[PDB]
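Okay, so here's just one chain, in structure tokens, the form deposited without the ligand.
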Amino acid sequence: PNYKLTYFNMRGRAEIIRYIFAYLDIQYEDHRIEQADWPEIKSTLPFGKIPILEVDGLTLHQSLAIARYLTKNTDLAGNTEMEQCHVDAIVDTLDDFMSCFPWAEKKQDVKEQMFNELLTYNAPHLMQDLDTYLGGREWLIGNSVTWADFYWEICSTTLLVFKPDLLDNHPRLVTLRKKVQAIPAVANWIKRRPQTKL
């Protein structure tokens, strides 16, 4: 299929899709737009938000809905319907927490205060929950990698930008990040992707 992904020049909410494409060896156009081209693009979109994925000219929206769509019938989805449930649940848990951050806050001091509060209190709580959920296991769900591990690596990469020592007391979570980053298709992508803060 002819795939075209549209998003800003950042990892952000498109990165999970980009990892999936890379892992499944699926070719696509990684279209990154600058702010100036957004108003026009936005007006053509039923829900006015990005990312969107065009598949043979048909437009899909909602980054996680798209991620799930791409992993369907693949092992990245989870090995059973039950494992698929756990995968979806971990992804949602990570997404809920990332959504707490005031990414668009215009008052820089307020943004700093809120980030510090979330990173001092909430983040370590979630990390303890995540660490104990993973236990001494290889991957978050089942015995092979799933897109939940990808989303963990993606979300943690962004959290580490703001609190580099966040995982200093969670070696098991660091090891999970390293395992995901070491998958050849992922390692290749991380090397060649545009370097951005977010």
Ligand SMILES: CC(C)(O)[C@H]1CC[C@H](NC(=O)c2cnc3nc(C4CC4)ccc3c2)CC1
Given for the second form:
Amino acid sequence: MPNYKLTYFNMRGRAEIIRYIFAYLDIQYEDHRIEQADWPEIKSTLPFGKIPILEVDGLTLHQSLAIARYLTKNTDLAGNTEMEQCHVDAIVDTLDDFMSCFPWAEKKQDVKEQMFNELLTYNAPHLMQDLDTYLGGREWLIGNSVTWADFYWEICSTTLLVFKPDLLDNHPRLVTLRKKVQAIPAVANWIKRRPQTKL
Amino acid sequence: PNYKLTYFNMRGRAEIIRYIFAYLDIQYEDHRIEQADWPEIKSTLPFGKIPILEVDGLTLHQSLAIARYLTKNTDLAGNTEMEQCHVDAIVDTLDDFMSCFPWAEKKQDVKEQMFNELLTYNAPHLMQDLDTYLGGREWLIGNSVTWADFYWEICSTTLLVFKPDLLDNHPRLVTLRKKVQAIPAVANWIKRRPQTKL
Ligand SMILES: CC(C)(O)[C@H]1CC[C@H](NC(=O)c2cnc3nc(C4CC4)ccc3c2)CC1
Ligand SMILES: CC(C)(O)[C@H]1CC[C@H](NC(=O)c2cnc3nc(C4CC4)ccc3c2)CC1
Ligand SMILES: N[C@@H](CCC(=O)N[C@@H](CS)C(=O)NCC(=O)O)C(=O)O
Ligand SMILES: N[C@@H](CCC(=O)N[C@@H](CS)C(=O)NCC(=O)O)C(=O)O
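Based on the form deposited without the ligand presented above, generate the structure block for the form solved in complex with the ligand.
Expanding to the full complex; the earlier chain stays at the top.
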């Protein structure tokens, strides 16, 4: 048994993909959440001043997608062929690119509001349409079994729906995919048992 | 397999793939398009972006997903799962930074302001972080070159076009660039590639 400690804020955010992977693989870990009050303290110690980080047997890892890739290496979640592993990474990166456009840390309310609106109004539907086309009539995004891209799709879409509840109105196949992920017992169990935060 | 890489006539996000092909001695069609070609091609792509890599007629996208696919089971990947994690983290740290720049911005006033903002405040912190993380080592991860070293040299090249003094107080990061550039396969590609701003 290896010693895992996850450090992030109290919210889903960029740590959530790691938490889904831990739940799905049934791995016990310390889900260390922090208030903003403690943020400047810990920040000074961090290698690149960013969370989430994951401590593994006294060794520190950073970058949430780098960590998620490390944890799924050698598992069913990574993909069934070398090429399918690329597709998993590329779908994840495509989703992460779009989530990263949003100005999460913007101090000016009016600039943050205008940007969140532009992205959700013009960009988001282009992405939903491309994703819908990519999925087609298949059960999972890549190959014939669930991957951590399906986890990421579910996590990303959950946060987009908070700001734009009608996002998937004309995309029932993408809603089905969210339901299929949420129905995975280990994921269901995590969703039910997790702190209820907005983001 | 036969490889066809499609991107704009610039280093940009394709350059990491081009360094990996050079290093591994892999022949490939380096297909470069002008802006005028772009709308025609954009609709054929499942996610409407480039670069794309065609491997025996099958399309891959996302530059870093492709880089990770090409380097798997090679000396560029990182020797252990943990070191692979470090390689991914460094590349993601660098790529996060390069993504902040408003590459596609029309208004040159707000564009120059943000470029200078990022190069003034944010770039030196990242330089200091990288210099610390590198410590006593000659390469970013382990005891040999990885594609993270390539990516450093690629990202730093583009940053030095806008802020040539960025590595004045960081000679070990300069050394790292020169070590990447002294690799024969890389040196050879750098001498022969089309000379572009970006
Ligand atoms: C300390 C502070 C006030 O400066 C910080 C606190 C944390 C904030 N982060 C977010 O609000 C946030 C939330 N969800 C995200 N989800 C994603 C995608 C779905 C995985 C990506 C980035 C996200 C960023 C930024 C400001
Ligand atoms: C269609 C269009 C005309 O609107 C496009 C054309 C391509 C443009 N992209 C860039 O100029 C560009 C260039 N170098 C880059 N280098 C990086 C560094 C390596 C990681 C990241 C992003 C970059 C983006 C955006 C607008
Ligand atoms: N690409 C990185 C992004 C890390 C990141 O920027 N995280 C934010 C929280 S969502 C943070 O730590 N912000 C601190 C700051 O910039 O002051 C990842 O996915 O881990
Ligand atoms: N994270 C992606 C980004 C791809 C991307 O944004 N590419 C730009 C060119 S640098 C593009 O195709 N832009 C087309 C457009 O915005 O219309 C990658 O690394 O491949």
